[PDB]
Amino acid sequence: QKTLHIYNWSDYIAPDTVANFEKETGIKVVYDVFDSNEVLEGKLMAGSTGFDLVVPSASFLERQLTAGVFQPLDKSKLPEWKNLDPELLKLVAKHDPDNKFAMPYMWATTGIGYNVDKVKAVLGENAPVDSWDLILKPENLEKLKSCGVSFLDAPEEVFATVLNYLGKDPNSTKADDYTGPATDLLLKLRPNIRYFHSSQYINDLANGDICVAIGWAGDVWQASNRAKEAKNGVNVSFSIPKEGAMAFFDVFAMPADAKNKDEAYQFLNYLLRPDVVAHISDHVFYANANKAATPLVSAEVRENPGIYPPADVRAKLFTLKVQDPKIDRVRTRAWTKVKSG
């Protein structure tokens, strides 16, 4: 009996992707999910995860490969590597040069997900839905406190967006930017935030439990969709603010101690098939990195500027940089302060 252990983000695959792969190959798949880059990193640094494949964002990949956590991908065993968009491979190459260790999977931005009707009802017809002021300006967050506000429990991501919003370098190497202005704004906003979670906000946005949230693009679109399917009247939208937003690239990589290498390569080639990934993007609402799969992606998804953004919107996006341990420590300590109260 052949097995494969995969560790991937929750709500990041089609309902049938694994079942199909199992029928076609006869390989039994054990699929586990997470919703935090930090939880994954922890397990990888701790060693012996027992996973054959894991899906970290590229910026965390760079850090983890310094620790020798992953083995390089034998590209001779992935015939359809050619399907991957070359521009996306370049961007990921900044973290994985020469693309030796990871296979780009999905990509998106971190922005604002919001209940269109509730925000208009509270902030009026002209709520600044196209800017970070909607959720990062205290006087607005105070008014929205009522209908529910949610923030991603993603330190590196929230800090970089706040830094950018304050006119600073989103990847500032100066530790006082974090403990200083960044933490001040966060502490100012903090009392208006109902919770810090990286996954339960989807159901809550979908069911009208919260009205605004800092969230990942596809997650918000999934919420929008779930609301439409339910015919509950909830109108959810997503926005990539005019001031810019962070863009991430999740990738598949193989722990250097993976036991089912053969089975893992089969799953990777399976994911390289244009039909397989386009199918995933159709259910999950995230843009995949497969150039070839584009045509096969439903037009509703493929033509959404909030999923596959145009070149001028892609121009105002930024990526996370790996920081030295001091910034790391400062940033982690500050985040615990902000969260606690």
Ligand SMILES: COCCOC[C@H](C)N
Given for the second form:
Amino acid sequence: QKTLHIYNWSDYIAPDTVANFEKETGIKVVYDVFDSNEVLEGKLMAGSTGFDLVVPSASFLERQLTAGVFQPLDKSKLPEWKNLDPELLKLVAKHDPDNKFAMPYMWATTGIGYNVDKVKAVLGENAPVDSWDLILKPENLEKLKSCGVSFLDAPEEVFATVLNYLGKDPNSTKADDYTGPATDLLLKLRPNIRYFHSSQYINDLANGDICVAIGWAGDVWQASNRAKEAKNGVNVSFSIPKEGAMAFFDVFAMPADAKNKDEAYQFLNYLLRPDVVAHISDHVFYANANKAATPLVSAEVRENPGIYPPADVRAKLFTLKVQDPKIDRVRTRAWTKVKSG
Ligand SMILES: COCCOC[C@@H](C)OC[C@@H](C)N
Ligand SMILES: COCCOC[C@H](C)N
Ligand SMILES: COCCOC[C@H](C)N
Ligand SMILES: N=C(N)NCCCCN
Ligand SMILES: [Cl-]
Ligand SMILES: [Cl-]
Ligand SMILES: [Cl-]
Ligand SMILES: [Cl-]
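Right, and the form solved in complex with the ligand of this protein, after the form deposited without the ligand?
Following is the full complex, with the preceding chain placed first.
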């Protein structure tokens, strides 16, 4: 009996994807989930993960490659590879030279999820939901505390977002930018932040328990759809703010000690099938990286500019770079100060 172990982000597959694969191939899939790049990276660096496939963000994979934790993908076993968007492959190749190790899966942005009615009640009809001012201006966050504020537990993304907002290089290599202005602003915001978490905010937005969050786009659209399906009167939306936002590219990769490689390739080729991955986008509200799949995606998802953004919006997006050891240390120490504030 063939088995296959997969570690993916939570809320990042359709409900029947695995069952359909199992029914087709006769392979038993053990599927587990995470909500943190740091948790995944720690597992990869500490020893065997026990998984045959894992799904880091590409900027984290860039760092992980130098430790040798992945094995290169045999493209001859990935004939549906051609379906992938060549322009996205080129962007991911900045992290994964010649696309040797990573298969792009989904991509989106780190923006603001919010309860439309609650934010307009607190900050008025002209609340600045088009701007990071909504949540990074202390005077606004002090008022939104009234209905609940969450930030991602994602230090590289939060600091890059703050640096961009402050007019710095999002990937600044100046240590004082982290210890000075970025820490200063985050510490002024901290008293108003209910929690730092990268998955509880979905249901809390959907249920009305928080009214604003730093969130990943498709997670927030899921929250919006859950409220609609519940017919609970909660109206959640998502904003890519005017100052720009971070884009991320999540990728499948194969640990170097994977046990069931043939099964892993069967699963990857299944995901390269346009109807399979379009079906996933339909349920998780994320743009997939498969150009052949785009016309098969539901119009509700494909025509949402907060999911498949147009060129003028993509032009304002930035990506993470890997930081050197000094900046990595300074950033991690600053994040510790912020969470316990
Ligand atoms: C795993 O392969 C058999 C398919 O069963 C799926 C469900 C019904 O049972 C396993 C649960 C515990 N995830
Ligand atoms: C467990 O082996 C793979 C076959 O399972 C089919 C499931 C019941 N959908
Ligand atoms: C065609 O989608 C690629 C999206 O890329 C975003 C970059 C930052 N421009
Ligand atoms: N920022 C990232 N690399 N990934 C976020 C994906 C979240 C899917 N629920
Ligand atoms: Cl069994
Ligand atoms: Cl090595
Ligand atoms: Cl008003
Ligand atoms: Cl449709």
